[PDB]
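**Q** What follows is each chain in one-letter form.
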Amino acid sequence: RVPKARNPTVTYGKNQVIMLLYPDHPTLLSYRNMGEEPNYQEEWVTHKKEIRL
Amino acid sequence: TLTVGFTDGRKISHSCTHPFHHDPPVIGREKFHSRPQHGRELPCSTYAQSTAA
Amino acid sequence: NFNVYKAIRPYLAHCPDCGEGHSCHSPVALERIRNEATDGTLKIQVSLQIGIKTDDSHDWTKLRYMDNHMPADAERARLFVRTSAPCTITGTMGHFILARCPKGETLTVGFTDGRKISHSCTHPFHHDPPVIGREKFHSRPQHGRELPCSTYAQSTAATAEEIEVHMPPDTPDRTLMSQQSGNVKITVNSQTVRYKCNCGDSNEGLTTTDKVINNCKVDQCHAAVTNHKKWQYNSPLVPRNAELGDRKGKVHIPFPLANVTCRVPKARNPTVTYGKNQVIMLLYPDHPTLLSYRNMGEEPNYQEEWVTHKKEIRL
Amino acid sequence: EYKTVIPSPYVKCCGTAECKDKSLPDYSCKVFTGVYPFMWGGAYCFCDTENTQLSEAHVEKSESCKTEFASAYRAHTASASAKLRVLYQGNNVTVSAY
Amino acid sequence: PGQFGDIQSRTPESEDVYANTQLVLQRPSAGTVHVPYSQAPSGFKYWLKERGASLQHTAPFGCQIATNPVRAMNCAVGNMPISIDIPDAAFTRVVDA
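Residue numbers (the entry's author numbering), protein chains in the order written: chain A, 267 to 319; chain B, 110 to 162; chain C, 5 to 319; chain D, 50 to 147; chain E, 197 to 293.
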């Protein structure tokens, strides 16, 4: 059994999604486009972070 | 480092210390520490308790 | 005092990790850790009851826990709380434990059973006491200054904050229903039980003595102890008695959050040498120390940095 | 700092429990169906299915709010006060005034 | 949620509480009686670590800061118009000097 992180606080902008992240422990954040070029990116968040994708 | 030892029948303590970089691999995408009440289950491998060698 | 603790008894509850990477119901099921004290103390609520024996007579050298159906006794010396290294226990009263613990990312508490069995419950808990002052020190020093902080005081004279108690729910226990000739008899063992069977008669009810069914299979029945005179805290991980709570009460809980001054060290004098409109400061930090400066005019231009090792700074 | 108040879950041995409603500051109720809880002795519920658990929770101020809290104010205008030392008649005397 | 002020109250002894912490319950996990939830952590436990320097250290003009009540001592801005009322007995006559 492995944990699941708390739900981020998502707010939307013009072609933007803004997230606050609440990690109890180093958590991995991955995102990619769903088109021809995924442009995969990732980051290990260790504390509370504000993210603008 | 890893050390194992025992106390002799003559009330003498023996021990052995080898250098051993113990750092268990992360399962899943979160670097948790103790298994939680709520979460999901991912496959892994363990040494079974059975002595049926 | 322990006057309220006569009507209530401990309770088994689910524990995520009982010391070996598996979950089972344990008397030490940790309930809630609160760390509101800025000085780093903790108040741990556990399903045990410490300082009161089974006969409800207060004794600071014993604790009682729920063993199957009947509370038992265990010594308070074997009680331990650990996070990454052993932790000092600065107070115990019924369900609540104080402890000063080292920094760590998990917390476990346990004891030793009267049958020489060991019980423990480990919980994920990011313990990292906040820094008081401007220096991250590790132990209170001989010489220093005093700063205000908050602390769970030792006073067991519980006031101003209560936890509710409820009627315990039925305690299912298949050991009560032994099977003979393929028939259930429900040994009861002098305590009221509630039974229900999946046989054709669909018999059910409350009984107080051995009651053989002669028809129902062992797997086709369900026996649970039903009558409970003692109350217990409505733990969020035990089922509720019914849609509402009954036989209620309010147990004032100990260790109120006092406030008190704490002692912090003072960093040793830096070595200063002067240049034209300049000061050259050589710093000797013994622990991560914070250095800040500002202009004492209209524009402060505030700058800061934690100096973790010997440095030379030019202002 | 707040605190979440979680009363004991209500698990119905048969049938579906009914969600209530309250006016508590962040009250939130939910009904989960198909549960099959286990107690230390045996299965709590009689039948292997049809059991629904009623989970409810809400928040409330913690007990530390009496001592550990932060006050948000507004600064309208400062009433200046001063204390002064004057060598009146060649002797130090102190004057405290607004 | 999460930021400073997720839970607000008029006075420490007030009973009305406004709290926005997006508390969301979750399904019990495979034959257990617990109640899981997914709530944003305390915004004040977060602010306490994220405070930064207070006005005691960042204020200009060499300004000190106190509390109970909140003050600002020994600010260096401006000048002080000080008007005295020196009695006639204070002076000594010129021929005496």
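If you're looking for bench data, these hints aren't it; they were derived computationally from the structure.
Hints are not guaranteed to be accurate.
To be verified - Computed cross-link-like contacts, DSBU-like style, restricted to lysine-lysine with a CA-CA straight-line distance of at most 30 Å:
1. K52(D) <-> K10(C)
2. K107(C) <-> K52(D)
3. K10(C) <-> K120(C)
4. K69(D) <-> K314(A)
**Q** Assess, step by step, whether the Cα of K52(D) is no farther than 30 Å from the Cα of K10(C), and give holds or violated.
**A** The hint holds at about 28 Å.
**Q** Does the structure keep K69(D) and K314(A) at a Cα separation of 30 Å or less?
**A** Violated. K69(D) to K314(A) sits at ~35 Å, over the 30 Å cutoff.
**Q** Checking one constraint from the list: CA of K107(C) to CA of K52(D), max 30 Å. Satisfied?
**A** This hinted pair holds, its Cα atoms lying about 23 Å apart.
**Q** Can you confirm whether the C-alpha distance between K10(C) and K120(C) stays at or below 30 Å?
**A** holds, 26 Å
Of the hints listed earlier, the one the structure fails to meet is number 4.
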